[PDB]
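Read the single chain below, which is given as structure tokens and is the form solved without the DNA.
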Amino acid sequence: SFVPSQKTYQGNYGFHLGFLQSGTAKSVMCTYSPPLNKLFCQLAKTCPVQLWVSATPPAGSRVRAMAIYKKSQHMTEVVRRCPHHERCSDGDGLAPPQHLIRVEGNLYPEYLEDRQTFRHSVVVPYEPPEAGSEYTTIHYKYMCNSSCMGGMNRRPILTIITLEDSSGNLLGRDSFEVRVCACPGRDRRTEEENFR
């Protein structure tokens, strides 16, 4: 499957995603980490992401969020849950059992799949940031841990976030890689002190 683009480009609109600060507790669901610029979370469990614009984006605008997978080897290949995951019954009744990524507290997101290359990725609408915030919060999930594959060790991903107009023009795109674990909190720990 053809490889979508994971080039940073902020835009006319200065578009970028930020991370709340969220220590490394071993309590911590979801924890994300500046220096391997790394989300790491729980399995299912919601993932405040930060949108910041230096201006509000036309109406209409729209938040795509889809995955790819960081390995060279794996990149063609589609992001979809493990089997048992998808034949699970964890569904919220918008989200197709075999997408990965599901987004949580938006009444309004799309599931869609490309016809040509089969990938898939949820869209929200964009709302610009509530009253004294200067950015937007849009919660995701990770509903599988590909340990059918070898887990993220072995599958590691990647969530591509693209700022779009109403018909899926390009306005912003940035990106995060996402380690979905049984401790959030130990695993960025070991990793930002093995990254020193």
Given for the second form:
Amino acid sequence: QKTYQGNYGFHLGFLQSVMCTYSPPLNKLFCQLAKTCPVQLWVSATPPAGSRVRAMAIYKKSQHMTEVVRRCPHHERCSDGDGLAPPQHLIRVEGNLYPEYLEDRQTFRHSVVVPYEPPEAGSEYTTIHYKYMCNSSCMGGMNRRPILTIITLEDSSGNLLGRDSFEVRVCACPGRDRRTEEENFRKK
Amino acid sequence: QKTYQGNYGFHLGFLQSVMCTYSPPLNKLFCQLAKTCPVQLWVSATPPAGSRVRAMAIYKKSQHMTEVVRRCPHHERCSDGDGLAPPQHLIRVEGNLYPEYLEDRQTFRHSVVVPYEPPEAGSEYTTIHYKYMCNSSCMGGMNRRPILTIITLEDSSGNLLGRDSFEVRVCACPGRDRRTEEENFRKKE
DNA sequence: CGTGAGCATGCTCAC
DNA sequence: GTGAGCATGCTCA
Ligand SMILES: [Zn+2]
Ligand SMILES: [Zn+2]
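Can you give me the structure for the form solved in complex with the DNA, which would complement the form solved without the DNA we have just seen?
Following is the full complex, with the preceding chain placed first.
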């Protein structure tokens, strides 16, 4: 997808380095099922009060783009809910008291929204912890299809203020697969 | 709880083997998902009328024996129904007009019973076609746990007249895995 | 119909 | 827990 730093210079950042690892040249996150991944939110200017941060997954390949990304039938019933996220949601937020799990009434896409909070004292960014509740390979779900996670900064009214994204692969061996995908990578 | 021929010499045989292939030394059937496997029903003397044949799967390993063998959530919902077999049943019967899919309300175990039919003209055994609707590897299902299929010959009152059983591995490459398991089995020293 | 090599990807098991 | 190697479904010459 195409980014939109917008008027507040909004963009993501990732801690360097397993259970979670980010590849810059690929701008792809590799992580294990249900493991927390910290994502940094950077702005050049403080967003208006009441701004929100939304996370959503969409299939990368054009031919799958219209299909809603949801958990596979096995994990959807594996009883591992936190009492807040609906079972069919792939993406969950950890360490936040006000998550909102939504489903678009038109597209039926799932998303989890959290309030935007300015960086703590001494920091240049604010961190949000995300979890993916299915592997990219789960049958009846992502089915080995790569996805993109779209992080959008919106105002209290739900208007787009900024947007960024990264590709993600939820798998058993993040470190192994990242290396495999980086050496198989061809540029131009 | 043990194979046994009974008053009718009831035992199983298998057309010999790939899609579907049996290994005598292993007494194990290696087949592909949803592919028909013909198993032969042998008897020393014809059993009474009203006799039926039931098929049931159970996990081989003791620490799994108590868990019901059923289809994984993905396949249970993958609309491949045939209009009769409940969607969660692993074993289905092919080419038989009236199979009966039951679920023991006490053990919750699935089984499919079919009426017993004497061999055709010029044959010594009767053949029943089964097929498995999940791979042994299905996550949420057998999850790589080996199962045993138990075929029982019972009369119209449900009384056991004989029993037999074989191991089964439903997989993508039956020939590759049969060879591997037979190779590994030879290592009994 | 019918072949076979290599790989993708969750799992298991020594050090 | 850390790297090696296996188990097992899929892709495609
Ligand atoms: Zn899943
Ligand atoms: Zn299955």
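Residue numbers count along the first chain shown, from 1. Rigid core: the largest C-alpha set superposing within 1.5 Å between the two forms.
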{"item": "Residue showing a 2 Å-or-more C-alpha displacement between these two forms once the rigid core is overlaid, selected from 41, 152, 171, 66", "value": "152"}
